[PDB]
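Shown here: the complex without one of its protein chains, the others still in place.
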């Protein structure tokens, strides 16, 4: 199925989030997952009270929930992509980023008054 | 056990969140799960920077973590309920909502200086 969602939490200021970033994340993830952009959801949360390694330089905590398209090599590619994007667009060092991956069962994803199973 | 928690993240403005909405979610979920309202926790996050399908009309990303009471049919009923509530109260179209469901092991839920196992 086509469902995937990406969340990034960061201490980086809202002003540093470029315009079009939501569409950028959406479409890059659509390319990466082989899912249509219409069912990719994205959520960016700046100005958070956060630390990585006990210090407060720019950092991010992210998650990608997806129905399928999750696994070792795939997650490696996603990590390369997303760390690249966060470094280029949000000035965050890749070694200060965690991304948690979740392969969701269709039956555990609600949408449009039902689930995807 | 009685533990369940619901989170909704949305780009909908804080002003559009009606008064009593937390209690409404709590009690509707208590009905739905057959759990006492005293152990239902609720978290609503408005004004978020979000997109669904690459566009920023009202949308929501939600999760329901629960000890038990999670599964295909149950999740379908929850989705009908919650999409209904989000549409009625938050003006969000049900086809712009994801709800992730999690059946949590008692041993993986901390509360009151211990866990539920």
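Think of it as A and B in the order they're written, each chain with its own count starting at 1.
The rule is simple: a residue touches a chain if its C-beta (ideal position, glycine included) is under 8 Å from a C-beta of that chain, and two chains touch if they have at least 3 such contacts.
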* Over the whole complex, note the residues of chain A touching the chain we left out. => 9, 48-54, 56, 59, 61-62, 70-72, 75-76, 78-80, 82-84, 94-95, 97-102
* Footprint of the hidden chain on chain B, which residues? -> 3, 5, 7, 14, 17, 22-23, 26-27, 37-46, 65, 104, 107-115, 117
